[PDB]
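Enquirer: Single-letter residue listing:
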Amino acid sequence: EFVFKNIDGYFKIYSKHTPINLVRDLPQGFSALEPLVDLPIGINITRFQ
Amino acid sequence: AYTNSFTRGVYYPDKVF
Amino acid sequence: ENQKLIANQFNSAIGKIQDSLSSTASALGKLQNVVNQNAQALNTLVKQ
Amino acid sequence: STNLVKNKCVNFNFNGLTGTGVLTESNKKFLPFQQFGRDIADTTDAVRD
Ligand SMILES: *[C@@H]1O[C@H](CO)[C@@H](O[C@@H]2O[C@H](CO)[C@@H](O)[C@H](O)[C@H]2NC(C)=O)[C@H](O)[C@H]1NC(C)=O
Numbered sequence: 191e192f193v194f195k196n197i198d199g200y201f202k203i204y205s206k207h208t209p210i211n212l213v214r215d216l217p218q219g220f221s222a223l224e225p226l227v228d229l230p231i232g233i234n235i236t237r238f239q
Numbered sequence: 027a028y029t030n031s032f033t034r035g036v037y038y039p040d041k042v043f
Numbered sequence: 918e919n920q921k922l923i924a925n926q927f928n929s930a931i932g933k934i935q936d937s938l939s940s941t942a943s944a945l946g947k948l949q950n951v952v953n954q955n956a957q958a959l960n961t962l963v964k965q
Numbered sequence: 530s531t532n533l534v535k536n537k538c539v540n541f542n543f544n545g546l547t548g549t550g551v552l553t554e555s556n557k558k559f560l561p562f563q564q565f566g567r568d569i570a571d572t573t574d575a576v577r578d
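Quick mapping for you: the protein sequence lines, in order, are chains A, B, C and D.
Residue numbering for the first sequence follows full-length UniProt numbering, beginning at 191 and increasing consecutively.
Residue numbering for the second sequence follows full-length UniProt numbering, beginning at 27 and increasing consecutively.
Residue numbering for the third sequence follows full-length UniProt numbering, beginning at 918 and increasing consecutively.
Residue numbering for the fourth sequence follows full-length UniProt numbering, beginning at 530 and increasing consecutively.
No lab work stands behind these hints: they were computed from the structure.
Don't take each hint at face value.
Within a straight-line C-alpha distance of at most 30 Å, the following computed DSSO-like cross-link-like pairs (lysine-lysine) qualify [to be verified]: (1) C:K947 - C:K964; (2) B:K41 - A:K202; (3) D:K537 - D:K557; (4) B:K41 - D:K535; (5) D:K558 - B:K41; (6) A:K206 - A:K195; (7) D:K535 - D:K557; (8) C:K921 - C:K933; (9) D:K558 - C:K964; (10) C:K933 - C:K947; (11) B:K41 - A:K195; (12) B:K41 - D:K557; (13) B:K41 - D:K537; (14) C:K947 - D:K537; (15) A:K206 - D:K558; (16) D:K558 - A:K195; (17) D:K557 - C:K964; (18) D:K537 - D:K558; (19) D:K558 - D:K535; (20) A:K206 - B:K41; (21) C:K964 - B:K41.
Generate the whole structure from the sequences, applying the supplied hints.
Expert: Laid out in structure tokens, this is it:
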């Protein structure tokens, strides 16, 4: 999981790596995402690929 | 094509403990 | 003329409702509400 | 960084967070990204130097 954000020019890049006993879809679990890195780029972004 | 992200996207809003 | 048997029943009833209080917590609502009124009154004061 | 003194009322400034009080060592545990603690009333209660 790679939650992203862009507030106050603080382009945060979260992450979380959790293995589960499922190979079909997202499970009925719950895992918080720690701010692995933070990128103070302060640019305007509106699209990605 | 679509699925249910049940309780996903709950991170730490701050580095405050 | 009943206090032998009926005082035994009185002891049993007061004891069993003492046990019910030991098994009851919703009754403490008044004092928990007052403690929480203090808690939010201090807490709203700090938040101000 | 000049000094660190404990158990006596001083003016502590950690990376920008300012405050007056005594610094007491505690057995609490943080997370690596987490910096300073907090109470149930928006009150600072711990700061990892
Ligand atoms: C009056 O009420 C009391 C309490 O409800 C009755 O005492 C109970 O009697 C039953 C069987 O007779 C016992 O199994 C209970 O343990 C008793 N409860 C106690 C002692 O607290 C009593 O039988 C009723 N009638 C009279 C005439 O007293």
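Enquirer: Decide, hint by hint, whether the structure agrees.
Expert: These are the hints, each one checked on the structure:
no.: 1; hint: C:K947 - C:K964; verdict: holds, 25 Å
no.: 2; hint: B:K41 - A:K202; verdict: holds, 12 Å
no.: 3; hint: D:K537 - D:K557; verdict: holds, 21 Å
no.: 4; hint: B:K41 - D:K535; verdict: holds, 24 Å
no.: 5; hint: D:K558 - B:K41; verdict: holds, 14 Å
no.: 6; hint: A:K206 - A:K195; verdict: holds, 15 Å
no.: 7; hint: D:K535 - D:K557; verdict: holds, 17 Å
no.: 8; hint: C:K921 - C:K933; verdict: holds, 18 Å
no.: 9; hint: D:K558 - C:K964; verdict: holds, 27 Å
no.: 10; hint: C:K933 - C:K947; verdict: holds, 23 Å
no.: 11; hint: B:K41 - A:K195; verdict: holds, 14 Å
no.: 12; hint: B:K41 - D:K557; verdict: holds, 16 Å
no.: 13; hint: B:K41 - D:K537; verdict: holds, 27 Å
no.: 14; hint: C:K947 - D:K537; verdict: violated, 41 Å
no.: 15; hint: A:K206 - D:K558; verdict: holds, 20 Å
no.: 16; hint: D:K558 - A:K195; verdict: holds, 27 Å
no.: 17; hint: D:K557 - C:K964; verdict: holds, 25 Å
no.: 18; hint: D:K537 - D:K558; verdict: holds, 23 Å
no.: 19; hint: D:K558 - D:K535; verdict: holds, 19 Å
no.: 20; hint: A:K206 - B:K41; verdict: holds, 16 Å
no.: 21; hint: C:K964 - B:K41; verdict: holds, 21 Å
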